Amino acid sequence: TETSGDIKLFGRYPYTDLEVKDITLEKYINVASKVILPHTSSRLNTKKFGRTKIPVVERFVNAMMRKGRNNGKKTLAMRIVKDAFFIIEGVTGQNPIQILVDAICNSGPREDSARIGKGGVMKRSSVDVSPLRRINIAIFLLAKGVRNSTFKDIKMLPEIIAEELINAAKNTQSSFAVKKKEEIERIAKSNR
Amino acid sequence: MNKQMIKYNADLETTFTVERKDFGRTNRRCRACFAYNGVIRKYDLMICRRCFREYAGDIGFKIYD
Amino acid sequence: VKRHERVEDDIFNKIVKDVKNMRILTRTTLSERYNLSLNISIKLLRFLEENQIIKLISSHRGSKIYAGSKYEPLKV
Amino acid sequence: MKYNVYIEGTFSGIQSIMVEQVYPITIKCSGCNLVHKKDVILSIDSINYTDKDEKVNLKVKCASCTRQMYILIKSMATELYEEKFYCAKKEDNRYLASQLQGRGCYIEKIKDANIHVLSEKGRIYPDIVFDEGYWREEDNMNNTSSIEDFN
Amino acid sequence: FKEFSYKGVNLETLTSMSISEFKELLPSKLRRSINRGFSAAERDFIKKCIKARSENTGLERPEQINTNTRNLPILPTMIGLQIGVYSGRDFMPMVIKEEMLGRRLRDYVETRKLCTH
Amino acid sequence: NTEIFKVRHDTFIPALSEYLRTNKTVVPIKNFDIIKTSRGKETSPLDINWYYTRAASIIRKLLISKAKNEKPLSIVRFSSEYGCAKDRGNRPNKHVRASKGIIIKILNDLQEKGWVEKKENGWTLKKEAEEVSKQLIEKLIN
Amino acid sequence: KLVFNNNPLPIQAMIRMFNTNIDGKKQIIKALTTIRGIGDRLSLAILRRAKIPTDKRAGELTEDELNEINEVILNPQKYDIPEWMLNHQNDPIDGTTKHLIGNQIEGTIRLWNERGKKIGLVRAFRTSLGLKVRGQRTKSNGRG
RNA sequence: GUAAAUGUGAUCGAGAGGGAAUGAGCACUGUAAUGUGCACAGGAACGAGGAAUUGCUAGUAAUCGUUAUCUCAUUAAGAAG
Ligand SMILES: [Zn+2]
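Quick note, the sequences are listed as chains C, F, U, Z, Y, B and D, same order. Per full-length UniProt numbering, residue 4 is the first one in the first sequence, and the count goes up by one each step. Per full-length UniProt numbering, residue 1 is the first one in the second sequence, and the count goes up by one each step. Per full-length UniProt numbering, residue 35 is the first one in the third sequence, and the count goes up by one each step. Per full-length UniProt numbering, residue 1 is the first one in the fourth sequence, and the count goes up by one each step. Per full-length UniProt numbering, residue 30 is the first one in the fifth sequence, and the count goes up by one each step. Per full-length UniProt numbering, residue 16 is the first one in the sixth sequence, and the count goes up by one each step. Per full-length UniProt numbering, residue 7 is the first one in the seventh sequence, and the count goes up by one each step.
Stretch by stretch, here's where chain D covers chain Y in the computed footprint (C-beta under 8 Å, at least three residues):
(1) 34-47
(2) 128-141
Heads up, simulated DSS-like pairs for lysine-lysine below, C-alpha to C-alpha not over 27 Å straight-line:
(3) B:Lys39 - D:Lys57
(4) D:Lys57 - B:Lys56
(5) D:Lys124 - Y:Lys36
(6) D:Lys124 - Y:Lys126
(7) D:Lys57 - D:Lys36
(8) C:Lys77 - C:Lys51
(9) Z:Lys2 - Z:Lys84
(10) D:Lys36 - U:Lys77
(11) B:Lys51 - D:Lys104
(12) D:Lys84 - B:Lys45
(13) U:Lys109 - C:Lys11
(14) U:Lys36 - C:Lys155
(15) U:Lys98 - D:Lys32
(16) C:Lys147 - C:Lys77
(17) D:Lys62 - C:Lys158
(18) C:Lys182 - Z:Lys37
(19) U:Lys89 - U:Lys104
(20) Z:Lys61 - Z:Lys74
(21) U:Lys98 - C:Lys155
(22) C:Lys70 - B:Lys109
(23) D:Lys36 - U:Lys36
(24) C:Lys158 - D:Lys32
(25) D:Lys36 - C:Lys158
No lab work stands behind these hints: they were computed from the structure. All C-beta atoms in this analysis are idealised placements derived from N, C-alpha and C, irrespective of residue type, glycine included.
Turn these sequences into a full structure, and let the hints guide you.
Below is the structure:
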């Protein structure tokens with residue numbers, strides 16, 4: 004219908020010339036795999052690092068099927084994010100994809116708190132997070148910020164997605180996800 | 001048995017007959033043990049769940065899966 | 035205070051001056067900046083998109099999105 | 001730790017203040033210094049035991065450090081009105097309702113207490129509600145009962 | 030003051046109607062019971078009521094009529110009579126007043142004593 | 016050819032509805048303005064001309080049935096086609112049929128105009144009802 | 007200068023129909039659900055016989071429109087609303103069918119229950135004590 | 001009584017969510033309504049749950065209907081698929 008060219012996301016977005024821009028993250032973020040629609044059934048979850056090979060916007064829609072009542076409603080999630088990309092592409096002026104990439108980069112906490120004490124009482128200490136866990140937490144926080152913001156507010160959900168992601172990419176205090184990344188890093192330092 | 005009952009119309013003078021329908025436990029007693037409870041009625045068996053399990057292998061039922 | 039069921043003349047006048055230089059605008063903005071109800075943010079927004087003052091950029095199911103005089107899209 | 005629960009304010013036309021010994025409380029673990037994620041209802045009628053068979057009104061495990069926390073209510077009531085209501089002990093310009101005894105925790109806040117008033121005319125006002133720290137009632141004989149600056 | 034009335038009809042007319050006519054007044058579930066015809070027991074009860082209202086004269090009361098016909102709707106032929114309805118234990122006595130029309134005899138007798146702990 | 020499939024349903028059902036009303040080929044049931052389409056529905060229709068959208072969609076069911084050479088359509092078939100999920104308080108929702116009375120009236124109206132013929136096991140189209148549809152589509156796609 | 011020409015009329019805050027108050031800002035459908043005896047379903051029935059657009063707000067209606075609706079409430083059977091749409095069908099005391107509005111409902115239920123109690127109808131005795139009468143079990147649920 | 005979630009367009013707008021106790025009716029099953037369906041009302045608590053506590057590693061958990069499966073005249077808010 005719309006095009007007879009090369010594969011673009013939602014048939015709209017360029018799908019090339021994409022940079023991660025944190026060498027600690029490089030291997031764990033799939034922006035290679037050209038797909039027309041953020042849907043795949045590829046059975047990688049039954050593997051040792053197979054959940055790191057799933058494409059980026061896929062991981063991002065999965066995060067929306069939550070709050071219990073929305074389990075399994077993956078079409079609804081795609082409908083929501085499609086609209087958000089229109090809002091963001093407009094607002095930012097750059098491939099929605101680079102906004103999403105930079106949101107992840109900023110929103111993962113680098114140091115964390117954990118119990119270390121084995122042969123006695125369990126005493127809390129700071130510890131250093133792996134690349135993979137760092138990105139897992141980034142998606143979690145971005146999602147949790149969005150969900151709770153929309154609950155009993157008149158604004159449309161696709162609009163709230165655009166509010167948070169811009170701010171997160173720009174590392175502003177305005178993001179719920181960014182603030183909570185500061186909190187975790189401050190407490191980690193308190194227990195250092 | 002299909003039993004019959006007389007009934008009178010509103011005049012209390014004319015009479016008509018109606019048939020009692022056979023339903024409920026009263027005629028579905030277990031064919032092995034006369035029990036009224038837990039009778040399997042499927043495939044025109046009329047045998048209780050206790051009696052079924054001892055005879056099932058004689059009838060020809062098996063647990064494949 | 036509760037929301038309103040009219041767009042009076044002086045609110046109407048200043049909305050025209052405000053809708054230029056705004057980028058993407060939506061049902062909520064008219065109803066959360068000014069005091070209008072959702073049932074009168076629809077009617078005013080639909081009117082401005084007939085007058086060529088704004089332009090519609092999406093209308094998928096009931097989700098409906100508009101643009102003003104300082105919008106500019108991506109380029110290849 | 002011991003905490004006295006006072007009822008403070010300016011009292012007019014009041015014979016006695018009676019208090020339900022049921023306190024929604026915020027508790028902090030004295031081991032890891034973490035606040036319990038929810039308020040807990042501390043009631044005098046709740047019967048629990050320490051690991052040494054001592055009666056307590058609350059037994060809670062800290063979710064973070066697994067330490068046991070215990071609270072006992074000691075009613076400071078001088079009498080029971082109608083065998084139901086704990087009459088708070090009058091002390092100068094305030095009323096001592098109870099003493100809370102915490103072990104393994106601190107009590108950070110008491111949120112609310114259900115309060116009943118006995119007027120100088122022998123009228124009971126059950127479950128009084130404060131508006132901005134004020135309560136006032138008038139009887140059919142124009143006697144006023146009031147509490148101002150409630151704390 | 031006006032005469033007693035049921036669904037538009039005066040007690041004078043109502044006491045003269047056939048059961049077939051009275052059926053056009055009653056609620057739906059009671060109508061269905063009269064359409065499906067009376068039992069042999071119910072017929073004896075009704076014939077005794079018709080006999081009794083006819084036989085009784087002067088100021089002396091007629092004797093009580095007992096029945097286990099619990100589901101029978103009350104009819105204008107047993108007005109003023111004393112009737113005993115079986116409670117599963119005993120014949121509980123009652124007088125059939127005008128205001129009872131449109132209800133079954135089971136509606137005026139309790140098979141289970143009220144509970145007070 | 017199977018000419019009906021060349022145009023989109025949400026353009027065809029509204030298109031025929033006007034041709035019906037301007038010739039009054041079907042006449043509303045008594046109290047159409049307050050009756051519901053099923054016991055499963057919550058409120059009566061939002062469009063006063065719902066009766067005509069039913070008439071327009073009934074002829075569509077018949078055109079596609081004719082196109083695929085199915086067996087003739089029955090009053091039961093149509094009732095299950097228009098069915099829905101009824102709300103039952105504190106219980107799961109349950110599938111329920113459309114009401115037959117509307118459908119019966121439409122089919123008897125169409126019979127009198129010679130648009131629908133009754134067979135022994137269902138209802139079927141007639142030449143005039145096919146040609147109206149044909150001549151509409153030939154403008155509508157262009 | 008251009009003009010909007012699609013604005014509602016100058017609106018009143020609240021109005022009186024039935025010894026009941028109706029919020030003028032509210033759209034006519036959910037607004038007539040303030041009067042006792044006008045549920046959702048019957049509210050739509052009246053408005054389409056009085057012939058008022060459903061989308062106007064209650065404070066925009068003229069005196070004329072309020073008389074049109076007032077007339078249809080006092081006598082629905084005149085404007086072809088059938089009896090199976092109405093509150094009180096085959097009245098035991100009158101034979102007729104009628105539609106009870108406002109405080110008439112409670113008054114009629116009371117005089118009815120009171121009559122049953124005067125003659126010992128078991129159904130009326132239970133409702134007076136707060137008990138149930140539609141066969142529901144009373145052991146597990148419905149306490150206090 | 002031959003899916004429902006679901007797909008498109010309208011509509012409604014923050015107790016137009018919710019359907020508990022109850023009225024005069026209109027039908028069905030039945031030997032008998034006390035059981036079930038329907039229409040018009042009526043419109044209770046509940047605004048996400050204390051101490052505790054139960055399963056679940058992939059077409060799994062949770063959601064959505066459906067049973068020419070079992071009970072069954074009429075009755076599923078139960079099991080077994
Ligand atoms: Zn047996």
